[PDB]
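Starting off, we have a lone chain in the form deposited in one PDB entry, written out as structure tokens.
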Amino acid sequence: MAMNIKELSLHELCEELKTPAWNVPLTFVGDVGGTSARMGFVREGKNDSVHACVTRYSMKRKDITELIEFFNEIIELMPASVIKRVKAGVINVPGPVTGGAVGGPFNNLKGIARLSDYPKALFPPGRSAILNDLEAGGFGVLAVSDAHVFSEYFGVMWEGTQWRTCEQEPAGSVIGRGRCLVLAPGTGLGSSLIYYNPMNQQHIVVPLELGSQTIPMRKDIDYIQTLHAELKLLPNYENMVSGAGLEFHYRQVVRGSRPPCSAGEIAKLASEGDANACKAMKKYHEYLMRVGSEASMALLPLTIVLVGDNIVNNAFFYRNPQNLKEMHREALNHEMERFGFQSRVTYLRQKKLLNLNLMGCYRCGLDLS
């Protein structure tokens, strides 16, 4: 396997790092969420394979500063001769970061993540970074491409007109040397743009906030105004493309004839062929494709990639050719499609689970050398 993540106890992780396969350069990585963090070491294997060994920590104190205790424990327990092989240290955190060094504040954790407070043995000076979740996820998409297994983790929804001019390899086999917009439609709607800088031969990841933009209309002014009156706020993309959004779409389908359902309930009903829930899912994806059509114009991407557990878990929806035709039609529903802008773009979807954030911490550390 090209992408390998083993989860162990701290004590077992220490035994694994003394084995001969681990007597190589290391990257220290950490994927920090609201409840737990998964931290450890990544190495290269054969044919650009990626091998990670990580341990889980509970964020017991609901305090981002507790990470420093975890880092100190790792350095205290591991032999200095193992930690000496660390060449880079990258974590992702569930909130905004500045200077790649100062993360927060956070919705569900107290305090600020400060790279200058982290131990230099795991975070070597000038070869370390803190990333936002979506920035790490974008670097994770690049990592999958670099490991030659894009076609294992991503499926082509449709090939856009630009692909064969810009690239030699088949669509979906590599990320491509063109801008890649990463969208993460889940509870909310994360976005990041993977740019290739010709001058530097570097890819970089630009975190965005596309989800918080005001939804522009098509022929849906009454539908937008319905949600406007409910929220008391002009709707943004995430308001239509979110759990809350899917709940809204389902309420607007059934018009009081059925009880209101959660996003989870609705997706389950859709998977079972319920006409109402399927219609709610079509409406959710109509607004997702609106983000896509407008960002296709604004950002001129070669590719749009839909990532996350939700996308993988909803594979039934993307495999259905009628749903795919309806999504493609909405992706092209833009006045600028008379010039071909929306049809230029190749759309892909994640089809296999992977911790993209852990892989992206690793991939980001490679550009720090």
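By rigid core we mean the largest C-alpha set that fits within 1.5 Å across both forms. Residue numbers count along the first chain shown, from 1. What changes on going to the form deposited in another entry:
The rigid-part assignment of residue 61 differs from that of residue 194 in the two-part motion between the two forms, each C-alpha going to the superposition fitting it better. Interdomain rotation between the two forms (smaller rigid part relative to larger, C-alpha based, rounded to whole degrees) is 17°.
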Second form
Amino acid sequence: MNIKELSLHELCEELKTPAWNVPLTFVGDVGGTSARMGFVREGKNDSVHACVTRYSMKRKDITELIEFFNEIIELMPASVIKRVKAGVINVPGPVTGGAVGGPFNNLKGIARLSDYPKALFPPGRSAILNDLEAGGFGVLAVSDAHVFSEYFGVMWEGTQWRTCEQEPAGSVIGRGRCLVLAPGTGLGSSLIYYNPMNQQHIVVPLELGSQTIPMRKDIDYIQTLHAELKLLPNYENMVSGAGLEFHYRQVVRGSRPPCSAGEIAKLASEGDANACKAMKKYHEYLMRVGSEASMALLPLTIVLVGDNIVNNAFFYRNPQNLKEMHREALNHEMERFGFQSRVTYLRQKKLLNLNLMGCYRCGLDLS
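Mind sharing the form deposited in another entry? What's above is the form deposited in one PDB entry.
Just the single chain follows, nothing else.
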């Protein structure tokens, strides 16, 4: 279980050594800000081994990837390029047919597998994934490598965990549906479906973030945002970078000027009461995604992923914050039957590119 971030040239260097004389998978973790592309292999002892290189999404254009791909094929020895098993990338938008990606909230353009160089993407062994589809595959990869409790932590255990599992919560993904939520720049979501027939986990990409927010006792608050956006607020409007910024503006009331999502997270990490208020308000809405999806999708577990989640551990390790999220996760009419209480909430507690692992885990299936 390991990745090494390299410059484009040292990447080329490493790929000629003895350990890399093995079959290889091309992977790309593409975001609205950067792309991470490179190769993956195994040694022995279930060993997950990757090295990639960062790219900036300069043009803010998903089609820029084609230029990166070419650059990689020529600038590298085809003795390596011929060891390429499969080609899997993920992108931050809806993807249909594993072949077409778009439209994107961040970038312009359309991701097209058919316009991809077949050296990095062998036909019949290539996919374009949604970013949270990739990450879903990554959660599965982490589980299979028996290393779950190294990367995820229980926030609170739900009723049903012990009905399905004797091992401790957080030690395994569990034999039930796992809902993956990635509250970052945008709000990502996938359902790791579990087929009780053959005991298989199956990643199902979702767009929960774009659902219109249903109310609690917060009609005035929603209407305030409604009036700024000129749009019925969806979950992502509250749970996102722009949402966090909004939460901050509502807290301060002109008393401090607006600052960025990033700045608000840093502030709260220093005990700023205003930013902390904003962080809680953000999490109140994340939890509403959880409780509605708890009913609709019936998960055994809910997992919060992303570097965002790892880095804000100051917020999660506070028991008053945890208790309030928990309160909001149970704030649903159906809780009078225990449905939201059934569910176990975890969060990623250690850095790991789930998407790259997932692209690789996905490539094994296309193989």
